[PDB]
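Single chain ahead, written as structure tokens, the form deposited without the named molecule.
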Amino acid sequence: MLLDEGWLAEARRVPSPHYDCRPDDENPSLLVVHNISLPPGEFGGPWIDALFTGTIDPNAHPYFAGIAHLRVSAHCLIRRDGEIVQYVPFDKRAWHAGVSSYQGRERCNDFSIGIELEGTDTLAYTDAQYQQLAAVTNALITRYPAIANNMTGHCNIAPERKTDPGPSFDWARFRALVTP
């Protein structure tokens, strides 16, 4: 669909302080699929927005105390109902992959776009999430054709550190909706 100076035109915008420059002004070429839920296993909170913008209340839940120290973000969140929230312009570097490697290249934040699916490793994602992830990805392919050839899970670039998006992420279903 429509892109506007790094922003998905139809996304809900929640501009986060948590981004910086892609080194060398490099165009991203890798999509990294993640999952997230705050508190763990629970859906619907304002907590993901707060985490990715650096404003989470550490006392709001026991789990938040441990992650309040994190400086993280992602380009987009796709919620259970398909709502697309964007935090970081696609041309900028969001902080979503951490220590990672892809085809021999480290620091994957540099050249990837990170999209978060609200959910868990073992629960099915919703039809709305597959459709929306596809719409976002198709829009991305249009600007950054290399992404067609480079779609991966966080678990694939950070094995034995990360498990997201887990076995529950149906790559076949996702692929069927991409590049049409």
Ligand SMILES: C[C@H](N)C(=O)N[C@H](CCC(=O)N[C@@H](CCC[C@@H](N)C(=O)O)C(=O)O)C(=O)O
Second form
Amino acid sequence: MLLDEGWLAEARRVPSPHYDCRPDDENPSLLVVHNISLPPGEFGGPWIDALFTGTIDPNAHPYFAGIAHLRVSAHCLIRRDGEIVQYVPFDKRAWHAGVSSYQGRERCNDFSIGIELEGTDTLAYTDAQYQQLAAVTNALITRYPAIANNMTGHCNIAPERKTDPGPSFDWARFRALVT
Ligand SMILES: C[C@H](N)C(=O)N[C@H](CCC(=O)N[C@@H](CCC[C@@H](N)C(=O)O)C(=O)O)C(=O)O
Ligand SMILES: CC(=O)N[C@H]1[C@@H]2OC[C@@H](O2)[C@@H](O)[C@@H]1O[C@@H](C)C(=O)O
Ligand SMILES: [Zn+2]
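Counterpart to the form deposited without the named molecule, namely the form solved in complex with the named molecule:
Below, the chain from earlier opens the complete complex, with every other chain and molecule after it.
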């Protein structure tokens, strides 16, 4: 698949107010794999889109009140059925990493692209998600060659704060699909 001005040519575009500029409009060089599910352990809601666009109803589930105060986003979500949703163009800074460090460099939001897999640390991701994650990643690598050398989990850049994408994320299968 192709990239069009920072947007996946093939994705549902859900443009989020939750983004700003990368410092000096630097090119991203790191892919951070995440997972997300809202409410925890459940799939298919509107809640992920709502969280990443700042419109979530704090009252729709006991879990939501707590994260309503957050200001977060990711570049893309890949749903259980493989559907790709993009909230932030890749050249812009999404708010997905939080306090983090990679190879000595902090504030990974600055130089990373965040892709969220709908799922949990302990449940297998779907065949569609691996296929689609790979297609997106291959596209990103074409545009930003350094990503080929720099793919990581949120848990690796924020250890003992974050666990996503967890043991369930099969790095071997994923890497085999990439470039
Ligand atoms: C969606 C993502 N996976 C997420 O929820 N994780 C959050 C990611 C949170 C995150 O990036 N905050 C940013 C800033 C948040 C908003 C701020 N720029 C603004 O203008 O309002 C940071 O620390 O620079 C986590 O790890 O704490
Ligand atoms: C424990 C945690 O920090 N919060 C979960 C929760 O679910 C939605 C929102 O709040 C998201 O920030 C999140 O994280 C994970 C798994 C992630 O960063 O991918
Ligand atoms: Zn994460």
